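On the provided structure of chain p, position chains o and n as indicated by the hints.
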Amino acid sequence: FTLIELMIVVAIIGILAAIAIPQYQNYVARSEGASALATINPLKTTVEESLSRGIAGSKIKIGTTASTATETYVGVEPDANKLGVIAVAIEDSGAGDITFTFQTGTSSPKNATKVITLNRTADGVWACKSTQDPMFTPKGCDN
Amino acid sequence: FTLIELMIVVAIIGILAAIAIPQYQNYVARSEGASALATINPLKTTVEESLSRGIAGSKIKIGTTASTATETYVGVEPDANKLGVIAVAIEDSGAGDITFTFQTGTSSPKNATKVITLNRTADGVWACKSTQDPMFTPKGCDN
Amino acid sequence: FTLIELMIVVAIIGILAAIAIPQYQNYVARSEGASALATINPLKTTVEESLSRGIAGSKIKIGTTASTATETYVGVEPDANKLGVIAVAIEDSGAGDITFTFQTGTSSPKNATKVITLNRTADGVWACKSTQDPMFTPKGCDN
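Protein chains in written order, with the deposited numbering: chain p, 7 to 149; chain o, 7 to 149; chain n, 7 to 149.
Hints listed in this document are in silico derivations from the structure and should not be mistaken for laboratory results.
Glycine included, C-beta positions come from ideal geometry on N, C-alpha and C.
None of the hints are false.
Each pair of labels, with its calculated beta carbon distance range:
#	chain 1	residue 1	chain 2	residue 2	range
1	p	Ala24	o	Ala133	42 to 52 Å
2	o	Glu77	n	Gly146	25 to 35 Å
3	p	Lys88	o	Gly111	28 to 38 Å
4	p	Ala24	o	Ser73	54 to 64 Å
5	p	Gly20	o	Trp132	49 to 59 Å
So here's chain p without its partners, still in its complex pose:
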């Protein structure tokens, strides 16, 4: 062994120890929101079916407790998605809101304690809102 090889190796080590690293948080922050809505959107179909068939609101709940000719139970647990929690509460007058609240022990720091919601007016119009940042909100709701 000589000093030339060792010095060249030391120099190449320092050269390699210079690669830059860009940001990688917005990607996950957007992927979380792209999944939350994709998971909590289909419930509108069951809500509309239950409201148009004949049964009134309130009885519409979540979980996995079978079904009957009076109450409706969509086949998803309140904590099926480990990213957050889902909550539904349809009033007797048809108006209601299905909300998804991000959990702090699973979701990302930016999307922590944030809430998305889909509301149904009394006449029968579906709107949606969220509390996340503008760049992280999906391309289907406001803020």
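Only chains o and n this time, still in chain p's reference frame:
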């Protein structure tokens, strides 16, 4: 040659022979599970299609033996993924379970002999479970 | 200067001239295959899109000659990767094979003149094969 250069080279060799090395097993242990579910999830689409079209269960199998107007064969071999083996067995009553068992001759030591499963209740609800550690289980199932 | 220092230096030189060197060929032989498949896998998406949209096979080629409403040209040159050459030839009946042939003037000696292939059956099943050694074949194909 002198003793100064040789001693400096020997000292620099010992200095370089001190770089620490962190852990690198959890990465592969999690990547294996992230691929297992991603590979064995899409079968639910074919299962639901076969159960809703008209054909009964049981006949639903795996492999590559073409298809007809009675039996269904999803286009994947039972050992397509070298990490483990897949097994499906839908009962005549619709209830069934698609399982993925990790092999010992390919999978990692931690994820060896572990089994993931996706079950379909009689009424028509999809659940999933696994036997891996909590930190290695994907963010879509329990333990 | 004395003889003690010179003899000690000569002895330390011989001592240092004894470091062993392990093998380092399998690493590159496996890295080449890990890159070949990673580069030539995504073409299946374009193949399936072109076969399911409406246009027939044959017209599907490679290079960079723009696109139109009849022919498809995936944005990669036949020699984009300097490790080998890519070749696609989809038949009119949908069946085809995308192959990657390693070049002798760039690839390693072990992975020289070897060929990987991804075939599409007539019914619509994707299989893959290779001609490399068992230990160098990726964990997604046979031999």
